[PDB]
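The chain below stands alone and is given as structure tokens, in the form solved without the partner chain.
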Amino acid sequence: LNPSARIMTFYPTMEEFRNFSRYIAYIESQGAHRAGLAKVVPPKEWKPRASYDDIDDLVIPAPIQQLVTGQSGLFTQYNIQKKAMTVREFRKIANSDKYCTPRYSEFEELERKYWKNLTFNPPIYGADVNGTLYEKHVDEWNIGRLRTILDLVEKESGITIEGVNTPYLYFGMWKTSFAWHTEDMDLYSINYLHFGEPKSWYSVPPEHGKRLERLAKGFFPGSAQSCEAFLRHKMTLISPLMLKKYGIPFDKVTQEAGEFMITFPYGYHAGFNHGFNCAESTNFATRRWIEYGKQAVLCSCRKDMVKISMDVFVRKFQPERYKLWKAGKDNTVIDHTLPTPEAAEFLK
């Protein structure tokens, strides 16, 4: 299904919305994953928090200034870590005249304005903020406790990886952006926009991901030579025109507050924020992810980079292949079109 591999949008009834893992299996049964990105707007009823009128005092330990360098569709973004500041301090700076959002009509306007000025007046981003905004009593899509097989990591080793198996908060500003990248260990990803201005996304189908990396290695040969997966550095930005110019299939979508965004294994994505906003995210997994995790090409030039031991997952879900795998003979090939095993129920 979804032979065009286009970004899909889902409107779940409060009944379908209850079980996270199930609905994920459902959208995968509808081919949503073939796009790499999918949108899911919660039932008109559901709300994760009562009011965001208290966060103004919340602190951002390390906001970053985004310096972008480049021309004609290709840019490298550098990070200048700033001094701690509150959401209030941030909102004032984000709303000031200098970092304010430009006036526009159609989205295609803000888009061209973005790719035209991303190298000027470097903005601030309140990213990687350890925390959650969900109310401890919410049992639907709580980024703090999704209850997926990714919990196996902490259960078996006690290991915690901030932002991956724990929630991260991102306070946006106009022109703040996220470079092209797949999730760490090529995991799944969930992003919820609590409030504020929109956040636009660009996505490349997992079945075409390799083409995007070939293009990236060609434009950034130096970075490519220094690292087997420099794109994981999240410093590379590439405009849509540049992708079109080289036949790279991709889709666009805008995430407004109260909506969910789901990225799938090996799905390349990128985008930028329209203005001041808050977003919460974390990674998660399904049985299907295991193979992706086993084959994930990781960063080889940085100590920091995330690396999960697949051992425990292969043992529990791929016992017949464990021995062959530890011997390096598991030559399984991945079919990015196949839905996760758990979707069987919705395929009868």
The other form holds:
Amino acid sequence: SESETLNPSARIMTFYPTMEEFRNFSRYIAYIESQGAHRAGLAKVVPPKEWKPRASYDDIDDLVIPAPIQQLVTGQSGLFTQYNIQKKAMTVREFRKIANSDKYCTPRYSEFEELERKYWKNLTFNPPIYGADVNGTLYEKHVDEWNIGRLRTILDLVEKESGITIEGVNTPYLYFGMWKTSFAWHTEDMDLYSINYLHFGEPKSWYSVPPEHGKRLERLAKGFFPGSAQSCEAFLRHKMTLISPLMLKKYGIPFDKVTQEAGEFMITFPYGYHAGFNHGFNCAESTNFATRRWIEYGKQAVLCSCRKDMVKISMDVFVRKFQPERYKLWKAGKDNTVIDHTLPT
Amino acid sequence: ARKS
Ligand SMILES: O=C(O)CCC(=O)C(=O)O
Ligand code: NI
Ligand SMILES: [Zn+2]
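The form deposited with the partner chain bound is what I want next, because the block you gave corresponds to the form solved without the partner chain; please supply it.
To see the whole picture, the full complex is given below, headed by that same chain.
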């Protein structure tokens, strides 16, 4: 099998497109999948040096972060639950001051390995504030390449057919980080792809588990949190669960890590579990997207069952348009298709 | 409804 030979270790791959390769987003995503990048659950794409989404970020000090969250973390021994305390609205200027203040700034460190140890040692102390989930873009209007606010993928069929906007999913979110702000282990809503561009500032570090091993992570998590498992069918979707790399190693869960620098894109793939943290004051922009290969994942995504506010996209339009043979079978509950996580298209 |  040809797909199984490509990226056989399911390691996170990094790509450096030329400007010509970079122009067609859906085409380039298809290309990186032809190289087996999706097997990692995460890939880095470094755009051409001549490409820029914005002239300068010197005009954003007055941008409002309406719902900053203070991240209270509880736990020990590589297993943590993160609780989100919402604080009052603040401006980017008010946030950056806090971020760089003696109290909240990045500790001194030699190599990333040292900073990673400090993260895992200190994450339950000095709860940081994350300027997360801010509706908006920092891309200039004319930018046609990899524009997070208009990628033109088949995810556009949701709004097209129903008028439905789902904030952060088919619209962009901004994330202003400071040292030790975290994103818990999760896959995307409806097991979609995501794109994450780090506009400026200190790095954002990522952990990823191959989609091929996602079920093994779930089994571990359900074992570490039996109470949460009984309460909800997909408790990781609460995005509250933090698990250290040492804990993953101890239980033989394959994973990889990568550090995203300012100017770089991360792509997450359907059913690719990821988690991470910010190094210091930074700003990221992200949204979800889809490809034809997502459709089966969307059909089989296991959704949070204890909240009537979680994200649920109707699959009907995608199955009708892109799987006409199987529509009647699926509607009658008899579509037993098995996902091969290695395969492209 | 929205991503969080
Ligand atoms: O940057 C963040 O805070 C969240 C990033 C994320 O969840 C993703 O990119 O899928
Ligand atoms: Ni994500
Ligand atoms: Zn739930």
